[PDB]
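So this first bit is one chain, no partners, the form solved without the partner chain, shown in structure tokens.
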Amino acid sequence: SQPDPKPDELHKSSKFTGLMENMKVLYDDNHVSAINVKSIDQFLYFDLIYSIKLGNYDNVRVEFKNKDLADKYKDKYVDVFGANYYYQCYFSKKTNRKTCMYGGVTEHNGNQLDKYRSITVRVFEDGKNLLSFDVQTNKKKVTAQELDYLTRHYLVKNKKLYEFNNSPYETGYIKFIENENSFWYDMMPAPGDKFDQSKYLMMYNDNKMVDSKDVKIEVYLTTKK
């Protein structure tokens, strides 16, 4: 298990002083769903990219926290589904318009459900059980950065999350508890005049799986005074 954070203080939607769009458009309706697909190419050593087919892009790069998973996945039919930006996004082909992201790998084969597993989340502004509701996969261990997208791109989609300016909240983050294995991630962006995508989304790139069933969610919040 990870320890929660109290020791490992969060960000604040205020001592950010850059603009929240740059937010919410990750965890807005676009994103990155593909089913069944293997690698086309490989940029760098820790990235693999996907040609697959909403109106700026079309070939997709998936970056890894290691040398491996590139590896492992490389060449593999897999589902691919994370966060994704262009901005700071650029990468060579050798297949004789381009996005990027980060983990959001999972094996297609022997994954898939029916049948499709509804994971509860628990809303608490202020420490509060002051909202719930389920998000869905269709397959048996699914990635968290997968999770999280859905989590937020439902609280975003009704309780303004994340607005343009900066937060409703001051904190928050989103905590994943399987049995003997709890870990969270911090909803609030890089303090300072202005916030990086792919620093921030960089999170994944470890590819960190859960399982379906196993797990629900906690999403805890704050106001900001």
Contents of the next structure:
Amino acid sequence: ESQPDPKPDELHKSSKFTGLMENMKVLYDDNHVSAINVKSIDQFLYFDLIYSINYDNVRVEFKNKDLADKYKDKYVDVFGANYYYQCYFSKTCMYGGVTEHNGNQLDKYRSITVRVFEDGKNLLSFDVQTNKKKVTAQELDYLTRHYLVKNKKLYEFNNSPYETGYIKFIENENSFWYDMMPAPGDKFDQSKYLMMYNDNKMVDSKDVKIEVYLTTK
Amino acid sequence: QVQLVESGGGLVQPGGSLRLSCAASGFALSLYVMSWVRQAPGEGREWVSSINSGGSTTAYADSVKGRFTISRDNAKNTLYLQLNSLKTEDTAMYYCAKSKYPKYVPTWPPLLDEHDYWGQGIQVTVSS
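Given the form solved without the partner chain above, produce the structure of the same protein in the form solved in complex with the partner chain.
Complete assembly follows, chain above in first position.
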């Protein structure tokens, strides 16, 4: 089935987050994990895999054992938004971001044109690019937000110019979306936020459309 | 291995200007808030200034605000401090300090104890 689009007061409001939006911003700045054609070299818990990506140990956490079992010792590409603070390990941590390398490579990059709406109105479109036939939503989300942070100040040091935001992925009939804003209160926990990626959700890079819906204050 | 090496600084008359430079190696500067702290004779460490990883946000101690400017160049892995309108009270060893927390900012401005590496330091003297 397709995910119902956000309800009236379902989306997090940035004005109700009173901590430093910097802690969200830094997740969608230049720093990120990207590795091509690598295989796991260790494992901590039964739902993670450790990769060597100088080389750092990257702990990739999945939602369950089935996903870790699937990719253990398979040659993959890894792409995602990593964190350090309270990274539990025994170095950096991330969730998901894993795609089989073999059979998934494109000769030429595919472009996906993000459509950006502000209060319902399309003011901006821009392309993200990938070499992958099947690509994680995480990778596409990161690339989309990276552009919006640089160019639209999506996240600033203290807060955002936007009250709400969600990113919507559409593949033919089916769609799903992520809330782009922090939960309310004075703390932002990066590990909790990023866990949304632990399902390793994948989309087809030819068919997927990306729509971002922002509201202003 | 993590290294911070301060250079520049020096001796100047009151009202003058100096510049400090810190070359970072063994880590990516871009992951870290960076700070300048100083230690004047017979004093404890004093926080002077901080800059976030991006470069968009700077903070200064009251005593130096409007006179000093912190900046960074992540590509060159360097932190800078411009010291203008110097006063005798500014005489001190100056140290470049790295946040203990990659990709995370618990407090702004940062606390002195939220740094975990320092260089050997560079002398600034405003000669009386």
